[PDB]
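Protein chains: 2
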Amino acid sequence: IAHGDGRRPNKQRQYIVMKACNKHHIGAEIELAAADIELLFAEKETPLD
Amino acid sequence: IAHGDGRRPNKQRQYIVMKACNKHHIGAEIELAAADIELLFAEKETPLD
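Those protein sequences? They're chains A and B, same order as listed.
According to our numbering, the residues represented by the first sequence are 10 to 58, in order.
According to our numbering, the residues represented by the second sequence are 10 to 58, in order.
Derived from the structure by calculation, the hints contain no laboratory data.
Every residue, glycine too, gets a C-beta built ideally from N, C-alpha and C.
Among these hints, one or two may not hold up.
[To be verified] Here are the simulated SDA-like cross-link-like pairs (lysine to any residue), alpha carbons at most 20 Å apart as the crow flies:
no.	chain 1	residue 1	chain 2	residue 2
1	B	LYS20	A	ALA43
2	B	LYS20	A	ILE10
3	B	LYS20	A	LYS20
4	B	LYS20	A	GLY36
5	A	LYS20	A	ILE10
6	A	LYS32	B	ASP14
7	A	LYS32	B	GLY15
8	B	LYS20	A	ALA44
9	B	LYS20	A	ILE46
10	A	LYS32	B	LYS20
11	B	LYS20	A	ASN19
[Unchecked claim] Away from chain A, derived, C-beta distances all over 12 Å, residues of chain B:
no.	residue
12	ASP14
13	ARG16
14	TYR24
15	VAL26
16	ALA42
17	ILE46
18	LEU48
19	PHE50
Isolated chain A, as found in the complex:
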């Protein structure tokens, strides 16, 4: 404000504002037992399997 009084008038002003980001994390979990994965590779030897 340019006001005509005895209050000490001030020049131009300028601010510098400076951010920063964050990091976040997710961790899941899976049920796999090797008795399942064992029979993933053998096949055909009976119509049961």
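Starting from the structure of chain A, add chain B where the hints point.
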């Protein structure tokens, strides 16, 4: 939920629930009089029968 707090994650789950049936009994009790049962098989030869 997979969440990134400081925590041991959990395997998935699976539930097995058993049910049954319920036995019931219902009993009705007809009486029949003997003089009825005789002339049910009557010869039917009169105009009073």
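Check: Hey, B/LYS20 versus A/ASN19, does the alpha-carbon distance stay inside 20 Å?
Finding: The given pair, whose Cα atoms are some 65 Å apart, is violated under the 20 Å limit.
Next item on the list: Please confirm whether B/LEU48 is truly not at the interface, meaning its C-beta sits more than 12 Å away from all C-beta atoms of chain A.
Entry: 69 Å, holds
Notebook entry, point to check: Since B/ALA42 was said not to touch the interface, does its Cβ keep a gap of more than 12 Å from each Cβ of chain A?
Noted result: 66 Å, holds
Margin query: Check whether the Cα positions of B/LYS20 and A/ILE10 lie no farther apart than 20 Å.
Written below: Since the Cα atoms of B/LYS20 and A/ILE10 sit roughly 65 Å apart, the hinted pair is violated (cutoff 20 Å).
Margin query: Checking a non-interface call: every C-beta of chain A should be farther than 12 Å from the C-beta of B/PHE50. Is that right?
Written below: B/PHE50 is indeed farther than 12 Å from all Cβ atoms of chain A, at 64 Å.
Margin query: According to the definition I'm using, a residue is off the interface if its beta carbon is farther than 12 Å from all beta carbons of the partner; does B/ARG16 meet that for chain A?
Written below: 9 Å, violated
Check: Given the hint that B/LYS20 pairs with A/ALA43, does the C-alpha gap stay at or below 20 Å?
Finding: Distance ~15 Å between B/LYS20 and A/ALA43 Cα, so the pair holds.
Next item on the list: Given the hint that B/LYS20 pairs with A/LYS20, test it: the Cα-Cα distance must not exceed 20 Å.
Entry: 65 Å, violated
Note to self: For B/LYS20 and A/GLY36, compute the direct alpha-carbon distance and say whether it is at most 20 Å.
What the structure shows: 12 Å, holds
Notebook entry, point to check: Hey, A/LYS32 versus B/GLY15, does the alpha-carbon distance stay inside 20 Å?
Noted result: 15 Å, holds
Notebook entry, point to check: B/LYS20 and A/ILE46: Cα distance at most 20 Å?
Noted result: 17 Å, holds
Item checked: B/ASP14 non-interfacial with respect to chain A [C-beta, more than 12 Å] -> Per Cβ check, B/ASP14 is inside 12 Å of chain A; nearest 9 Å; violated.
The structure fails hints 2, 3, 10, 11, 12, 13 (numbered hints given earlier, in ascending order).
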